[PDB]
Amino acid sequence: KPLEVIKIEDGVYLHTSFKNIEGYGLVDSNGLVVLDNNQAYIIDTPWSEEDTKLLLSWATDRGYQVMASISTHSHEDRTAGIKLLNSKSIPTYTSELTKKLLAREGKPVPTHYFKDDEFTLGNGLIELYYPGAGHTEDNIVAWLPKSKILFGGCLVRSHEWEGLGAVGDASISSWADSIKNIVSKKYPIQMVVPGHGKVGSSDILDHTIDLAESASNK
Amino acid sequence: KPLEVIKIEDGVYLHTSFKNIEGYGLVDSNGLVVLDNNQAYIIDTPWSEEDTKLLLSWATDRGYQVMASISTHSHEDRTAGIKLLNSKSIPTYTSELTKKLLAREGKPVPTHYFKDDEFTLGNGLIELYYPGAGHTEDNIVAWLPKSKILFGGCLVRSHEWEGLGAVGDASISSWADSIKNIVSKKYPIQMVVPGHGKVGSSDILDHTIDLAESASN
Ligand SMILES: [Zn+2]
Ligand SMILES: [Zn+2]
Ligand SMILES: [Zn+2]
Ligand SMILES: [Zn+2]
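In order, the protein sequence lines correspond to chains A and B. The first sequence maps to residues 40 to 45, 47 to 100, 102, 104 to 107, 109 to 131, 133 to 150, 165 to 175, 179 to 205, 209 to 211, 215 to 265, 277 to 296 in the deposited numbering. The second sequence maps to residues 40 to 45, 47 to 100, 102, 104 to 107, 109 to 131, 133 to 150, 165 to 175, 179 to 205, 209 to 211, 215 to 265, 277 to 295 in the deposited numbering.
Among the clues, some could well be false.
Derived DSSO-like pairs (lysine-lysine); straight-line CA-CA distance at most 27 Å [claimed, not checked]:
1. A:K165 / B:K173
2. A:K296 / B:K265
3. A:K59 / B:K59
4. B:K93 / B:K144
5. B:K173 / B:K144
6. B:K93 / B:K131
7. B:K265 / B:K252
8. B:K59 / A:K265
9. A:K59 / B:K40
10. B:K173 / A:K59
11. B:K131 / A:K126
12. A:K144 / A:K173
13. A:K93 / B:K165
14. B:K59 / A:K40
15. B:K165 / A:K144
16. B:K131 / A:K40
17. A:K165 / B:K40
FYI, nobody ran anything at the bench for these hints, they're computed from the structure.
Based on the provided sequences and hints, a complete structural model is requested.
See the structure below:
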């Protein structure tokens with residue numbers, strides 16, 4: 040099934057892509073579009089180039107100018124659309141580490171990157190933070209101060228999951244500490260958006287800590 | 040992780057391959073190798089070409107001759124290795141319907171196929190039956209008379228699963244009836260092997287009926 044885009049706050053839209061795995065069935069994958077007047081910013085690409093094309097069309102058919112994307116780690120469900128955005133001369137961003145992981149794997167790289175543990182896209186609109194390793198070594202989160216939405220990406224687990232998911236690239240014994248670093252930011256979080264699953279409240283962070291500590295102890 | 044092969049009965053081996061799905065994690069997929077002396081028959085290929093190569097090496102390193112594979116529906120977890128086996133001149137089989145679905149999807167096709175609802182491979186070694194639509198329109202099962216094992220493939224669900232799984236290609240309202248067609252064969256089933264998850279007893283058939291009927295509603 041094709042990309043879905045739904047409004048979740050003023051100037052903030054959830055975009056969701058779908059993929060099938062034989063045996064299990066459909067899995068969903070989330071990113072955001074954030075609007076600033078008529079400027080649009082993409083937080084994580086859709087899971088495929090085709091779905092990325094649909095997202096770009098969503099924006100441009104509304105008269106929005109897509110200013111940039113940021114991807115929150117190197118995996119395909121965050122970065123599949125980087126190549127397409129590059130081809131359209134739309135600035136693409138990741139952390140330095142994410143960029144160099146992509147380069148090492150021979165994948166398309168973003169045209170821009172940031173070096174610090179903190180950075181902003183859209184001149185303050187979107188605050189990025191690297192809290193430490195968890196789902197992957199490079200996962201970052203995004204804080205949207210106006211809508215009070217924390218985009219946790221795949222570092223956070225929604226309530227519908229009772230496991231950490233794909234952990235081949237994970238640092239399980241570091242994961243709880245990394246969530247605690249997010250909590251220490253003292254963001255006035257009203258909503259947390261996971262990379263997979265339904277939007278929830280700040281208790282998603284507590285749930286993720288539980289899952290990480292349980293897995294660590296095994 | 041790589042292919043795993045483990047003995048589940050004299051002359052019957054479970055092969056399991058793994059694929060990662062971002063968001064969910066590790067998923068497993070099962071097939072069988074069935075031996076007649078040193079002649080080996082593969083029920084469903086592994087989930088990738090690479091794991092299929094490992095399965096062939098497993099067999100030949104043991105001095106087995109791989110006679111044929113049979114795939115129990117068109118999906119990639121059943122058929123990923125057909126191309127490789129074709130390239131090695134190892135006969136590959138599906139039902140006629142499964143072959144035609146593969147062709148229509150532009165996927166590699168088997169070199170052999172059977173036309174009726179029943180077919181036997183080896184010398185009475187493996188009995189194939191098409192019970193009707195369920196997981197997919199083309200799903201078949203394989204019955205092993210000697211070991215009394217039913218390979219139900221992805222038409223049956225293991226007890227550790229709470230749902231039917233991927234139903235995009237399914238006929239949910241037909242699924243329970245199709246299981247009942249299997250039951251009507253009155254096979255003296257002592258073990259059921261699912262396409263995904265742990277091997278169990280014949281009660282896997284009842285469990286699958288329960289899931290199908292619940293979903294039908
Ligand atoms: Zn990931
Ligand atoms: Zn993800
Ligand atoms: Zn299937
Ligand atoms: Zn399957």
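Each hint tested on the structure:
no., hint, in the structure
1, A:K165 / B:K173, "violated, 45 Å"
2, A:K296 / B:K265, "holds, 22 Å"
3, A:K59 / B:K59, "holds, 13 Å"
4, B:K93 / B:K144, "holds, 25 Å"
5, B:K173 / B:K144, "holds, 11 Å"
6, B:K93 / B:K131, "holds, 11 Å"
7, B:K265 / B:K252, "holds, 23 Å"
8, B:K59 / A:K265, "holds, 24 Å"
9, A:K59 / B:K40, "holds, 21 Å"
10, B:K173 / A:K59, "violated, 33 Å"
11, B:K131 / A:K126, "violated, 37 Å"
12, A:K144 / A:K173, "holds, 11 Å"
13, A:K93 / B:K165, "holds, 26 Å"
14, B:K59 / A:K40, "holds, 21 Å"
15, B:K165 / A:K144, "violated, 36 Å"
16, B:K131 / A:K40, "violated, 37 Å"
17, A:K165 / B:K40, "holds, 22 Å"
In the structure shown, a violation is registered for the earlier hints numbered 1, 10, 11, 15, 16, in ascending order.
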